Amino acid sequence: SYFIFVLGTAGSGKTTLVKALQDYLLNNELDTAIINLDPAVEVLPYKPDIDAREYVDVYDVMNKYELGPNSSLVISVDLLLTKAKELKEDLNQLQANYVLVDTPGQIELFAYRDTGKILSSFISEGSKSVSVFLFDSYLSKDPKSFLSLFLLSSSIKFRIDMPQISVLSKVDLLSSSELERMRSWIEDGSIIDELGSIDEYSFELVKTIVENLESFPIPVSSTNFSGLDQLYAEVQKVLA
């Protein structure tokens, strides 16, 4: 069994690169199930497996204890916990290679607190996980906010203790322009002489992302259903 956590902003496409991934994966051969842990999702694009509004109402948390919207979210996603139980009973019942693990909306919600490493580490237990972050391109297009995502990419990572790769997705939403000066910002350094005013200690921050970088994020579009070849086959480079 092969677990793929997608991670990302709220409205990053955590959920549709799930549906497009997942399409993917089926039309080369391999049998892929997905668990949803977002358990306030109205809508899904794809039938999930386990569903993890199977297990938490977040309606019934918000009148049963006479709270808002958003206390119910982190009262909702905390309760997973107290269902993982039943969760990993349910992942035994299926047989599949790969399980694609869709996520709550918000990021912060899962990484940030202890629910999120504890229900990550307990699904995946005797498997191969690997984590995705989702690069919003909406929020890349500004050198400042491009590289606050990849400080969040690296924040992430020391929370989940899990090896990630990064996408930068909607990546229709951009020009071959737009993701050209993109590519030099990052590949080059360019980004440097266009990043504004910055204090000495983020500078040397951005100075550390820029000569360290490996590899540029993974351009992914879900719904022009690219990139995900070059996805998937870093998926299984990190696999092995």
Contents of the next structure:
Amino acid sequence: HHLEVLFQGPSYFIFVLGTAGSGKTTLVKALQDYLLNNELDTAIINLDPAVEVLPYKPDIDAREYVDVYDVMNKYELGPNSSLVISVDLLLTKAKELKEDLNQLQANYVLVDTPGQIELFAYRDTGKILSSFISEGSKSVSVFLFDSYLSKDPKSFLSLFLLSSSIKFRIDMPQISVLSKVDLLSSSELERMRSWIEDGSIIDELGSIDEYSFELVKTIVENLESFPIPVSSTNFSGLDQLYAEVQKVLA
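For comparison with the form described as "open state" in its entry title, produce the structure of the form described as "closed state" in its entry title.
Shown next is a single chain and nothing more.
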């Protein structure tokens, strides 16, 4: 017999990114339900070492590799630097991690990430880790535009800047999602869609210095499409999201 030989198939990694509280962990659970309901084998990787309660069962869990509170004590750091270094420490255990990855056998692998967006936008950590965990496989990032933050036009545009910094750093395609869309009224959603798909957002800014205006002009001039509206609680928009994942990975 040969016990090194395992059944092989395609694996697709889906990294769910977003600001604090934008709904990443809930969406991972909802997207896993959706994919399994459609007979698509799906596993979950939790990369947040600080989370306490999860609505899903992670197949790989960062909390078994690094103790955040032990880090904050052993290095005398602040609450946020401690979470950054903890994620950084994951890469020191690349040996143990690659073994867990090897023994993982799933067609779709959902990666829940911490709601510290500087790890993906302002540091190399997000790129190095995401490339390490998805090595040898196609990947896509899903970035969550929090609906609560997006209904304000100036706040919406800052999130497009943030998402662009992530896309530039991470080495994979990115899908934009408008998360928690149930928090919006019909008129708010339509107004936001017109802001983007028609460029009218530039008028909702009013008093803006010349510098910020030039950034905004560049953003709006390169807005390809409106973020996919998703509501994990209402379990809506997951088919659009999964249709775009398939279009991107193909």
